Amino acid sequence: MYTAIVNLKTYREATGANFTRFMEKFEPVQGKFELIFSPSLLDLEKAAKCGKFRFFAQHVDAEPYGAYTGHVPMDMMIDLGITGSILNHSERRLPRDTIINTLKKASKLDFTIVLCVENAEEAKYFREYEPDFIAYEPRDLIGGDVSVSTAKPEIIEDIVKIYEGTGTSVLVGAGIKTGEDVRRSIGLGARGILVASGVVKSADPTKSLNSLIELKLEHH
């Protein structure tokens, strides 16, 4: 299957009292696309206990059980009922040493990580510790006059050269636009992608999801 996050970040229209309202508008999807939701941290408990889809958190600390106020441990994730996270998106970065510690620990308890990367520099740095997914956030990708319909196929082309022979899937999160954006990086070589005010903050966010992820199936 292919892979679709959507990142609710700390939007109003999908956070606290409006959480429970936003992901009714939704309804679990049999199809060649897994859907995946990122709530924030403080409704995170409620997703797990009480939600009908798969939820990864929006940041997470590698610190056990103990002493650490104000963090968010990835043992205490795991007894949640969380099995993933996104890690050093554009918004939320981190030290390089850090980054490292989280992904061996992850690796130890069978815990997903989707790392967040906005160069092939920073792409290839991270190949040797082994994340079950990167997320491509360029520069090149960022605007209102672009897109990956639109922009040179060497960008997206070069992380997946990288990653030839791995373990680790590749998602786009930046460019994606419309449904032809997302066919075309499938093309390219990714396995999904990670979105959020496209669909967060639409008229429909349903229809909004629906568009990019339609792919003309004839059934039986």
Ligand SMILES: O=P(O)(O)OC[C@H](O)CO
Given for the second form:
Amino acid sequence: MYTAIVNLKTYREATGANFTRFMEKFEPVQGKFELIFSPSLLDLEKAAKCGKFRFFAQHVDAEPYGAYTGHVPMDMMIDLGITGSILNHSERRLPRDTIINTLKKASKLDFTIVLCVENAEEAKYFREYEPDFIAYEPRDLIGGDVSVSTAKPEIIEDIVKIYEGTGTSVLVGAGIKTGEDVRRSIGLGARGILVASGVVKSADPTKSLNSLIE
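Here we have the form solved without this ligand; I need the corresponding form solved in complex with this ligand.
Below you will find a single chain and nothing else.
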């Protein structure tokens, strides 16, 4: 019933040659949390070939197969077995029309979009386009040791309210380190979490993740 997304970003520990050995340490989970990992674009085909976990891309382009140098098309991901993507992350922000065009395309194709937003106004703006997930991550907290649930509890509540009774699930991220941060987020109405450094940069990633989702 809840979702946990582990965003590997482009961290040295979980990308390139390290991707396989980093993942090797995790085991599937049964619990309240559906587990999703987000590998770097260069690692995504490798990830998809295994399929030991559910994998989402970090970013996706709406352009079809064809003359699109330097793109990562949604149709190509689908063919590789990738069933979703993060979009508009604070580190990979996009114009609004691009986002809308991509959501429109994904809605036809049973491809899941996790749309990141930086505030409640952006969250509202995108509501009518019916993203599958909204991921609230305040830009300045990302990578830090202060939880979004600690720092922005009222904004979390506002975004949840915005999406109440829609098919969109609200996730929250930035600075999530402990089980307590996760409980607090669920307590404020969120349906799950995104995490990167708290897991990827840990002395024991597998154990850190288990702390969050237990």
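Superpose the two forms; the largest set of C-alphas matching within 1.5 Å is the rigid core. Numbering follows the first chain given and starts at 1.
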| task | With the two forms aligned on their rigid core, point out which item of 160, 195, 151, 36 shifts its C-alpha by 2 Å or more between these two forms. | result | 151
| query | Superposing on the rigid core, is the CA of residue 142 displaced by 2 Å or more between these two forms? | reply | yes
